[PDB]
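Handing you a structure now.
With one protein chain withheld, the remaining protein chains of the complex are depicted in position.
Which chain is which? They are A, B and C, in the order written, and residues in each are numbered from 1.
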């Protein structure tokens, strides 16, 4: 499900945030 | 001059418009 | 009301991002958003259709704050000399855009808001009656935004 989408977005976002920092 | 650039935009515009209309 | 990060509408940001994503799939957020997006695309298309020539033409105009309006006025009056069609309207937009970038390029930034204002006046005064008569911006959307070039 939805929550376990948000956790695997949060994979994507933190590892973009570690490109963009 | 600016009129004969204006007339050769109006070349480009009509030969775009004749793609669409 | 000094503008800045804290006066910035979150709604506006969201609507703008969503309009973009919807348009990339051939969809739209609203007619206003679809008009804006179709204009951007038509503009790109127009500029890329004669990439070098459009650039070489605008480059031929040597704008300075003291000559900008007279050059703008001659080009645009001539562009619509014998009438209006949607193609000419797109060209009108692209021309104004070229003029703005060049203005900033030459450290003539003051010209940006003047150009924008001359464009709005021309649209509202000269073009709006034609646009309204021809079924409004909805017609442009259908023609250009919802169709690809013949080729």
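Everything below uses one rule, namely that a contact is a pair of C-beta atoms (placed from the backbone, for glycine too) under 8 Å apart; a residue touches a chain by one contact, two chains touch by 3 or more.
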Missing-chain contact among C:50, C:69 or C:93 belongs to C:93
Filtering C:15, C:84 or C:108 for touch with the omitted chain leaves C:15
Absent chain, residues of subunit A that touch it
1-3, 5-14, 16-21
Spell out, residue by residue, where the missing chain touches subunit C.
3-6, 8, 10-18, 20-22, 25, 27, 29, 32, 35-36, 39-40, 43, 93, 96-98, 100-101, 104-105, 112, 115-116, 119-120, 123-124, 127-128, 137
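In the analysis below, only the chains that are shown with their structure count from here on.
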What is the distance, in whole Å, between the centres of subunit B and subunit C, each centre taken as the mean of its C-alpha atoms?
15
Could you grab the centroid distance between subunit A and subunit C? Build each centroid from C-alpha atoms only and quote it in angstrom.
37
How many angstrom between the C-alpha centroids of subunit B and subunit A?
48
Can you tell me which residues of subunit B touch two or more of the remaining chains?
none
